[PDB]
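A single chain, nothing else alongside it, follows as structure tokens in the form solved without this ligand.
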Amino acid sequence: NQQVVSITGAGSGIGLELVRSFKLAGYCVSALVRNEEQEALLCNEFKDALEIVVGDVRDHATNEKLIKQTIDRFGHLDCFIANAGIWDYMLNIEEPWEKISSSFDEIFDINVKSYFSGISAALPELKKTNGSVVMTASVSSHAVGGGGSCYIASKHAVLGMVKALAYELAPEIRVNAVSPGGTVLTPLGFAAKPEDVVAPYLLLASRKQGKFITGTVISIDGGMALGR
């Protein structure tokens, strides 16, 4: 019953808090970080207990490497958490197409194609454990206001991933998402720290508590998806 999770976007923000939270909950954890300074940050805390890969989620071999080192260290993979993401800083549709086009390629490369890449790399091992995927979506998957059109459209595509993959991969593999927002002015009156938004990830990964949850997006946004 020893469970193993692999987390992209793990070197900062919600991803770093997920590493802490799944470690605290008993999981073995591997982590994909952008750079060596983030790797040292995890090493100062967990010493050698993690498998850490330093690389770019946009490279598929980096994703294959993360799974390969996970299985080689811990033997199997139970949950893959696709989380690395990037903002568009409210890029307006009026801008020069040269800027729109390059920003689109990066936003969609990281926020959407990387998830396909990470899940393709993780799938053969998730089938042997009948494991699960948890993707990071956004308030921008549901409402306008928190990004430009490129970002909001990339976060909607992730919602389509959840429903399509959950359906294709059931009954064997559960696929879900978490839609955080307003973190680090909401109806709840505060911005949350990344530590406050981790619990939905743990429920959706849990083999006991989430055994019957697939196709589901859990919003955790202070009510931003509602009104302002």
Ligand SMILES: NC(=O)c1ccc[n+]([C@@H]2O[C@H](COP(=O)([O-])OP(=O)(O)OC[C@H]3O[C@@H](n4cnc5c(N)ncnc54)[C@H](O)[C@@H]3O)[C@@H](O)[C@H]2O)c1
Contents of the next structure:
Protein chains: 4
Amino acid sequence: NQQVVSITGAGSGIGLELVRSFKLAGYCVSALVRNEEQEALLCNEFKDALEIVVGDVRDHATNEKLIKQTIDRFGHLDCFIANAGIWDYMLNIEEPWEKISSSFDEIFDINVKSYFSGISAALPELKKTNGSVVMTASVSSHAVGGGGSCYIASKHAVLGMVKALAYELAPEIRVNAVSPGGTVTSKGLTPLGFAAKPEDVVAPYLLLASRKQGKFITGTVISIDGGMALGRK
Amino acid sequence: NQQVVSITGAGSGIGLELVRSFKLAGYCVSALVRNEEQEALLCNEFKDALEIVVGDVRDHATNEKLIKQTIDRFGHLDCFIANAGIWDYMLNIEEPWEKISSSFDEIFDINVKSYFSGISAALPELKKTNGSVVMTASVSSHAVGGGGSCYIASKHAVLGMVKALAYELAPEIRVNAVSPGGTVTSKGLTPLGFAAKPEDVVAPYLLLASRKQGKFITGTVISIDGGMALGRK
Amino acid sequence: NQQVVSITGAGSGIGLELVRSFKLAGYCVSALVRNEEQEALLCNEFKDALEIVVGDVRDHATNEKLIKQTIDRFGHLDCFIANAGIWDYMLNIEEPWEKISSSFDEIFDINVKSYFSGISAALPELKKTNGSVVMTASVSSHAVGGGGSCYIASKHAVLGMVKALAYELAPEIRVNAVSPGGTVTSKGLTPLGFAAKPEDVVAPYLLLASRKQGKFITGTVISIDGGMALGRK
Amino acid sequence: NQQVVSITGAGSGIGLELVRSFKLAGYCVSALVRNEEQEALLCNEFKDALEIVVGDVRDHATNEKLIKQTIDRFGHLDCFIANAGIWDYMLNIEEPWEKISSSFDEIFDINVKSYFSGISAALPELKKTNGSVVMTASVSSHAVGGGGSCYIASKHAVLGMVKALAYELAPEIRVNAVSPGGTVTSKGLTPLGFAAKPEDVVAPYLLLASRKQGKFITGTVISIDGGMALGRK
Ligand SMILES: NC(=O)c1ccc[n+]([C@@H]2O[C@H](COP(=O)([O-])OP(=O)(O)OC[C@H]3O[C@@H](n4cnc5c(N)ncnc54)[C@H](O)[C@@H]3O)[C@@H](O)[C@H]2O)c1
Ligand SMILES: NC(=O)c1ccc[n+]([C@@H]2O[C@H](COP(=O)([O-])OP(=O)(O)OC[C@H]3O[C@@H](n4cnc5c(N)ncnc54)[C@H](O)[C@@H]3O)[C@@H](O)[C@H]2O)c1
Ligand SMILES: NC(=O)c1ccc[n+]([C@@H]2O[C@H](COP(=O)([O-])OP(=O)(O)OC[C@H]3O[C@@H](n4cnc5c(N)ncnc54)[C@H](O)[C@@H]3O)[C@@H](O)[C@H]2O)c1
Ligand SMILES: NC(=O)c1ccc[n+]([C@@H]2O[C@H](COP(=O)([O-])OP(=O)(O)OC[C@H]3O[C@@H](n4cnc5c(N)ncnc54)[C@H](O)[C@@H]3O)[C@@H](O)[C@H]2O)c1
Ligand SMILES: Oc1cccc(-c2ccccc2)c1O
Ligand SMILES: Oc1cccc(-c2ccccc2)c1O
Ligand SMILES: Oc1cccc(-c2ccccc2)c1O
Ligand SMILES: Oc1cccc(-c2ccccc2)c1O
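Swap state to the form deposited with this ligand bound from the form solved without this ligand:
First the chain shown before, then all remaining chains and molecules of the complex.
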């Protein structure tokens, strides 16, 4: 009956919008935020309705803590949304290697390894409900232009994870992703001529997590990028 | 305010389910059906709520008639759903050429040319509302196995249409598709271990047509195929 | 021992270059040309070294005639290169339907149906040698920008053919394609900053037809487009 | 005039075959090998014809040393072939996190970060010749089945690198990849019904490095996998 979602990167941007949208859609929600300042925002907005955890998604025990607190408060987990991520600011391959190397470590630890980490930590509990995973990918999973080679590689790697994990975990667990692009969060033409606000981007996540609307969907990546995967207009 | 959708292939299968789902979601709906028998089914079910047209989607004037009757009854058109299609029954390339040739003509006239035809006929009116197109593609747009070379080629061609038309018609008109697979309609393992009923497949169409949920989506193809694009399990 | 290739679209452009390159590489070559004027060019250049056929690739018996004359002169067929094709001159979807319809018929009859036709006609003989097919696709098989929706759809359909036929005809017959773009033949930026001459584009065909270099390749599409599939620079 | 290639992973498998094939094709060749035992094999085979370096590709200075010794012996560098890589032995996402984490670090440091590292180290010198990069990707860059989620993700990330770097470094430097699959090196059906020996796989690298055959190719990935990207037969 009652559905439960856990969301990383939930202190801002799309993550924060997923918290609102999933709460409005009736879910019980847990959230991982980065710091105290983001924690205060959600406490004030949702009072004690949520289960909140502050920590670094690069730390496995923080991910296990998120799962553990979700189960203890709501009793089970139906969907894990791995969404925390970071940009590379168009870092050029001609830069000093040590600068590339340090950035690579951070991009790949947050945008890829941490997804493995949260999925590992969520897996036992999703197996008990035949739940699902949704990963935030990127237009840069499909097309060039919206990042440097480290960012694009990291997001291509997410696509790999989606296909590989969807295949290995079927039939019990669905694994899908969403590929947003050109939406302001904290320059973006896009063929549809505008940049999306984070709220304008959340519906694909709801579909992929929904047990009714999404029961037949796995391995799938839904672009919501104003046409940017097609090229400059 | 009031939204209006026009659906081909609406007498059966996914098309019929789109008629129900879009009516339940509040749309005014027009429908193209193939024959008298399908027309009687929808008259009995929806009484006079719909605008219905009987004819061959391979005939342009039938497509223009559908648009014309939609406008006259509801005043405008917000979304065209090109969905009529036919299968090739795994026709082998080793068969007599005249057999391949006759089948090719039919598959490509219905699965591709007719989509061009309906979009041409719907275009003036979608331009007046900044509406959208949703096309029914197929798992065979992405992967082999689910048809002969004629079917697969025809569905790859639909993908081409989606990308090409999404790019040309932006920013006013969004153009997207849905790629169902392994759902019974009138053998299908699929990694999720079951065949979907047509009702289980409709939510992606609603998202892509929705002006709120879908305003930032074009060029996109949403697989809903139980994982079949990933391969046999 | 002695290898034999048959090439359509061989009177000009890439086709003509394939005739030269494959002759220089030691193949016996048959060629389908469109008209008398192209026939005179190859007779003068190659004297009687080739087997030449004038006709419309849209006519099955012309394709069977090409195969039949190849076998009778050289005794067997090792590779069929389906290359004849036509452009759509960026025809807009907003044009009068009858104009779109007439153009669609021609683009799809030449760029798709004729490939089915030549493959059907070549198939018996390739099965006797475990030979191969190479199809000319296009950058427009992968990306928008280089044609109207009819051209792009037709070339996406070729990709479908490659995957579908490669899978059905394995293990005996390999089926591959080449996707050229931005090369002058009878405007093209391309990230590599120049337009290729037809001779600069032929090496991928030689690899895919070569029994030594290509024995492990099927289902494959080789872009040779100066980076154009990646987007405008 | 005289062409110079530098190859990592050159002590075995495809790398070793690339050393032979490129030497037979007239190139001057440098090679990075892992250990003393591989170094002895190439010294005995090629005597002092090559420039050889022993070290870990995960160490930047080893990569710079390879470049530096290439230039000092041959004077310039025309092509860098990043080929060193490692498999994940189908490691399951259900395994203990610390086991996944340790393996992830190694797969991604060798299969991705080291490619960034060698390209950074080769870049100054390729810019002086308008040279090229070829990366070894994998069937797992495109399809599931041939590895665990870490391997597949790492190889999807390589594809990202190819597209991203091809776009950023055009027009001076071409960047391409090769995606082998199902070839024994130190179980593999493949639709073509056999596993390739490493020698059977080298021709695509020669084409992508060749200044004549490959001058118009960048952003491209050439599968040579016996059809495995298409699915089980
Ligand atoms: N908005 C776009 O245009 C766009 C485009 C492509 C991809 N994305 C992806 O969407 C996802 C969410 O992006 P957003 O737009 O909401 O960006 P954002 O600027 O709001 O930041 C992402 C969120 O992840 C958090 N985060 C970063 N590092 C963390 C860490 N080590 N531990 C815990 N949390 C951490 C951040 O504090 C923040 O809450 C990302 O994966 C991003 O790569 C966004
Ligand atoms: N159900 C699946 O497994 C699956 C898989 C891949 C693709 N598809 C695609 O979904 C779309 C709808 O399929 P469905 O599953 O509901 O199949 P269906 O068996 O119900 O038949 C398709 C509909 O299109 C109609 N139609 C056929 N030819 C027509 C014509 N010339 N003029 C007017 N109408 C015509 C049919 O009468 C029917 O109503 C098709 O394009 C199909 O290619 C379905
Ligand atoms: N050159 C490029 O930039 C480019 C880009 C994308 C795709 N292509 C494709 O390459 C292939 C060959 O193209 P090209 O560049 O050499 O062009 P081209 O201008 O030389 O013409 C193609 C060849 O096919 C022949 N042909 C056309 N219709 C025919 C028919 N009905 N019957 C028999 N022959 C017919 C033509 O006479 C000509 O010889 C085509 O399929 C084309 O779609 C080329
Ligand atoms: N052969 C296949 O079926 C297949 C399939 C997919 C991908 N690949 C890829 O091809 C590339 C080469 O593979 P192979 O088939 O020749 O395999 P291989 O078993 O011969 O080993 C790869 C080579 O890279 C070397 N290497 C590993 N770690 C190294 C390190 N840290 N520092 C320096 N060298 C190191 C190894 O010593 C070896 O020489 C790899 O990237 C692999 O991922 C191969
Ligand atoms: O793709 C992206 C992912 C995450 C953050 C940003 C961003 C953050 C601050 C300012 C501008 C962009 C971004 O672009
Ligand atoms: O992909 C498909 C599209 C349309 C119809 C069928 C079908 C129709 C009757 C019986 C079985 C299948 C199908 O498979
Ligand atoms: O993609 C293409 C395929 C075939 C011909 C042309 C062409 C022919 C004449 C003049 C210009 C272009 C083309 O662009
Ligand atoms: O994809 C791959 C890449 C590199 C090595 C192997 C391998 C090595 C030893 C034994 C078996 C396989 C492999 O499969």
